[PDB]
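Every protein chain except one is present and positioned as in the full complex.
Chain nomenclature is as follows: A and B, assigned in order of appearance, with residue numbering initiated at 1 for each chain independently.
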Amino acid sequence: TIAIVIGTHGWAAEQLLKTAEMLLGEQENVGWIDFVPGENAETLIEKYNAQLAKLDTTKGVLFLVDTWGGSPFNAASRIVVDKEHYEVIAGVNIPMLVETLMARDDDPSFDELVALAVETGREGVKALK
Amino acid sequence: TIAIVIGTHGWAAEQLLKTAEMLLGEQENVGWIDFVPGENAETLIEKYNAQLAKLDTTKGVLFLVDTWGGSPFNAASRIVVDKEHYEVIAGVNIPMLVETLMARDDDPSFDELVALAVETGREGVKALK
Partner (left out) sequence: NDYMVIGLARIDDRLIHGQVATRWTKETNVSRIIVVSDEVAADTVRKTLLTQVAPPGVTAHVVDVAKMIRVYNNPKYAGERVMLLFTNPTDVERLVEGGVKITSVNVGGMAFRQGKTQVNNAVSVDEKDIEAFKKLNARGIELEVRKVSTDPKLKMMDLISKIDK
């Protein structure tokens, strides 16, 4: 399947994955990194690369990060730059993770998965009222 | 300020708060709960109530939860039902948490904060491309 790597400031990426697996069962071909004060984008690029070495990236890689413009985002941006089937999507939330992981198994195309992740992430934000 | 309570399946709520505090500094008047397999909505209602007892809820309470329809959402829904200035917003992400915590200090009205949280949560989901 398409590889997914989650990165967030601090130690939330591992827990967002754990939450998803509590809903969907353990997932394959998913990696994550943490970002600790003192580290820079270059440290993070190495961390992302070490995770990718263990993933099947033949169909592509989707980096799901916490916020636009943070170090996790900046480092992921430097990796995907001239790579086909590599994308970075900011604002990762549980609706995005769950929908994306579910669709991934039905072997969608890369563009289809990227579009679904953005759409479900946004539609997942809703007030009860 | 307006109270914020974060709830997700698993143990991600505490980490989403930690991530936010890594960006903004330690926050006051914020609570969180976890949801473990075996627990039901009634357990969660008690957990939310115990957290609220420690918060200043005079200006209102905003429950930020992982997904629409899960137990964390269902339990929070039962608490806010006929309460003024109580709302539940699903799809919590870092952009939503950061913007919401920042605005809260400028003492916005409850409706203003709820609207900002939904808007920033959705606008925070964006692909690099």
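One rule holds for everything that comes next: a contact is a pair of C-beta atoms (placed from the backbone, for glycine too) under 8 Å apart; a residue touches a chain by one contact, two chains touch by 3 or more.
When the missing chain is restored to the complex, the residue among A:7, A:70, A:95 or A:124 that touches it is A:70.
Think of the hidden chain as still there; on chain A it touches residues 37, 40, 67-71.
One rule holds in what follows: only the chains that are shown with their structure count from here on.
The touching residues of chain B, counted against chain A in their complex, run 8-12, 14-16, 18-19, 22-23, 37, 66-68, 70, 77, 80, 87-96, 98, 114, 117-118, 121-122, 124-129.
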